[PDB]
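The chains shown are only part of the set, and none of them has been moved.
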Amino acid sequence: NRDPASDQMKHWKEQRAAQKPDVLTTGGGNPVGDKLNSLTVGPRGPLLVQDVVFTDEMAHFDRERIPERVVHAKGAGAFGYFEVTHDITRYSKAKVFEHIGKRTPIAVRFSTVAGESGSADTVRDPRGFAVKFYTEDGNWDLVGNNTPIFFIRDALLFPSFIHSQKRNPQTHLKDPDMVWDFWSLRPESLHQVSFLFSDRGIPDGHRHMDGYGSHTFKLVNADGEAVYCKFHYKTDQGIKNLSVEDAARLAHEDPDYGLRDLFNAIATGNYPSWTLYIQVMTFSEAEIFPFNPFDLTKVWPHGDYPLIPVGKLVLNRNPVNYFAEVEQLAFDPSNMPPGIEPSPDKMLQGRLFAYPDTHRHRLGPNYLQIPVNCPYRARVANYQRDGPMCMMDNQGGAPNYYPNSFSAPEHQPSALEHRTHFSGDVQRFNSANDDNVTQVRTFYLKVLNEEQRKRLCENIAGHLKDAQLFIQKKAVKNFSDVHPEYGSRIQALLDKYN
Amino acid sequence: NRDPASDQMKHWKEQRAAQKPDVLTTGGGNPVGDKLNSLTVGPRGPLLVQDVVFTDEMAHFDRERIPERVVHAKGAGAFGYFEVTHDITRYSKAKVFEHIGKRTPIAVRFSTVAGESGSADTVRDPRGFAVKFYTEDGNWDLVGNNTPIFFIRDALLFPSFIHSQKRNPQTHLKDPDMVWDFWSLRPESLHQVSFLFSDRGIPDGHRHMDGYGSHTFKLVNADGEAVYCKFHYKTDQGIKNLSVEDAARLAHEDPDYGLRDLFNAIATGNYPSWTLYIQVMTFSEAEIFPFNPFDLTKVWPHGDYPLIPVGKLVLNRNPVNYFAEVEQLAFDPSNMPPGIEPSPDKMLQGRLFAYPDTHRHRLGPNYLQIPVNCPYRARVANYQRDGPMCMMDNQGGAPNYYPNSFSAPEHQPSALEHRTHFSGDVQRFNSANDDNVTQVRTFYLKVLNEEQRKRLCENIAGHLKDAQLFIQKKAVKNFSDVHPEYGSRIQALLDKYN
């Protein structure tokens, strides 16, 4: 026959022999007599306002669309479980990790970053890989990317970043002057631009890319003892990327390639897994790391900070409804249950605010009562009330002020955050001159071969070539700065294009 | 001790011996350590963006308020049951009425009409008395008033009506020029203005007023046989009104008088009931009624159209949460289950549209999934999908187009509306000159005594007195038109004020 994505209504149906279709209703639950013909006066007369079946249905249609995600708009989702397989209780007191063999439910959305909702899956772009955990200490969202780093170290430059990756305000076209204006003007961006224009620029579907936490977290054990960490969830399927020729074909041939693939795997019993690892950095090694340990354009070298296994991530259930379980999923970085905690990472500190900020806009004030976003494995008790589309019982008649003499919920000291000491001037510190090339240099000399170096250059120039020459000029200087051949392998190509 | 309204937290508490308060969480379900002290650097330092407990909670606070109702903003609610006690199956095939002794669940909101949310209960104003029925054929809402008529016969004049009852666009004050400008300029308004300034202008709480459907419905039996009807739900408690002296005191002494009373009745076991009656008018008597049978400024005389009993309305359960079960209740006139159906009543035809229109604005696109507004006694199956704050499973993976070969819901012919014949020119027919006084005249001569006539005059002038004299002049002419003493009992008083 065909692939399961395709046999969907076929199966929805096959699955009801206990048929006799339900009665077609309005949303008030009133049964409908004819839903194929509006109510008129005479067969060629006008439409009655009394056709409250027409307006019910139409009124709902005209209201189906919610704003798409400001970034990472296009994606795929699925459900499965995280299972502990080693213990790190030394490091963390978090329930999710509390005992080998433990399983917590998880949801996952894969996505690209700049394309809007009808774009093609198979484009060079970073790739979102978000994991929501339904722990007993509430949800813990780990909003990762398939890259261990990023383009920038200060959240303040993010709007701009993204603006320049999107489209011209006048033209609505993608503009290389904007792409390359930004990047060349901010070379802290070289580390990841180097990751992006390499073979991993475009994964073969979601199942063949790694997920990284990128940021540095802080893990706190049951004694008050803290350490810094990095999460890596590696693919059990391997790395597999699509050549750029392969990607052009599929972008037209199957814009949704990655959704189809993810659906089909799971459907046929071929469940993707990823192994979750943590690198750990004590507070002292942190005082000596030759770089800012909290700098998103930086990785922690594995000879120095070897990876430690934590458990597995298995994806084994497809959505029944996309809209309701993938379009409405809201991942917040700030959803950290006791034992996990943010670091001074400038980029992380702004994600603390942004995610819930846009969730209240896109979805609504109360988007945490959306079945899928509900910490259902825990028990919510607080003094928050009311607000639009308030679904639950709104916590009944329980005292809504704190504190009170009437047995309403109480705070629990064992959940206090970890005491840490900060001294300094309230000022805005430059970070543009932190080291922009070392790690980059090595990446290009020792992490990537010669084929790859020839490739990462052609791909780069293949795009760069369309900015204005000034922009080229500056772009290449920066490249030149990371390694002289990086620079002039690129100029060579650019010359020949130009 | 005190009244139950007052012993509320006292009881909420008493009711948990199985105490040990719940753990105070964030909305993600993460447990909180200190909710009385924000996170700072040093005890006199600044507030960290990392206090994602502060912003969670605050973010929810700043979002608690939804727009209040455009009219009827202030009110009380409660739950109970409708029970059949006589059969009218001759007249109607509606399930709610299907068999003596049948009980359907109902909700009820009482309200005033012009005051905004913090106004006083005990003011002269019409009074909303809405009943939502959770029938098997979906919800059936009967959005009635405590008056059998209204001020106007064309929905097009409603915005204006209401604008003039509210406040000045510049001043934000209540303006008698606007009240009396409108009313005197539109004398179709005399019938109800006469009801409003009489002793029934202000009921003693909700429990001592009648509820009326006002409009003319159409009842259709199991044979295709139709008749026109009027619903009357009379108080089993009696009529009881508060003198205007009593009402001034309470407006300051207890702005919420009616909420307190309704709460307290039910709480102490004193359950209000109302007997529901129907007047019936055949299609032929309709062709001969000396007035427009479908004219909201008109009642059907009971010697001519005696009342027929239908069942009882008992209120026996108070809300646990006001916000969630009274502020979020949405009554739509258009929620008529098979066997009940609108008439050509101009005022009714516009309510068909307006209620769901503002419900999608105030509450949201999907306000019918709000637990209390859900036709829970029925089964919703249709082709509507998606939309903001989409709570259910969004009907899964079931075919979303109609028609289809895949067993998705189907329409049911037995729910077709009733065939009726209309012939005419598509035009806008005046209705301002329909009879504006007869029924009014009688009302004032034979329905109300002498005490009452002396009273309805003083009350009228007591307010009228503050418009400009032109407005008075016209106001009184109109009154003069309904009965010469109506007019000059009023001028007499106005002279003495002026």
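Lettered A and B in written order, each chain numbered from 1.
The rule is simple: contacts are C-beta pairs under 8 Å (C-beta built on N, C-alpha and C of every residue); 3 or more make two chains touch, one makes a residue touch a chain.
**Student:** Copy number for the full complex, please, knowing 2 are shown in place.
**Tutor:** Number of identical chains in the whole complex: 4.
Assume only the chains that are shown with their structure count from here on.
**Student:** Mind checking the centre-to-centre distance between chain A and chain B? Centres are C-alpha means, answer in whole Å.
**Tutor:** Spacing between the chain centres: roughly 47 Å.
**Student:** Touching chain B in the complex: which residues of chain A?
**Tutor:** 8-10, 12-13, 16, 19, 21-36, 39, 41, 46, 49-50, 52, 55-57, 59-61, 63-66, 137-139, 141, 320-321, 323-324, 328, 332, 334-338, 342, 349-350, 352-353, 356, 360, 363-371, 375, 377-399, 402-404, 406-417, 422, 426
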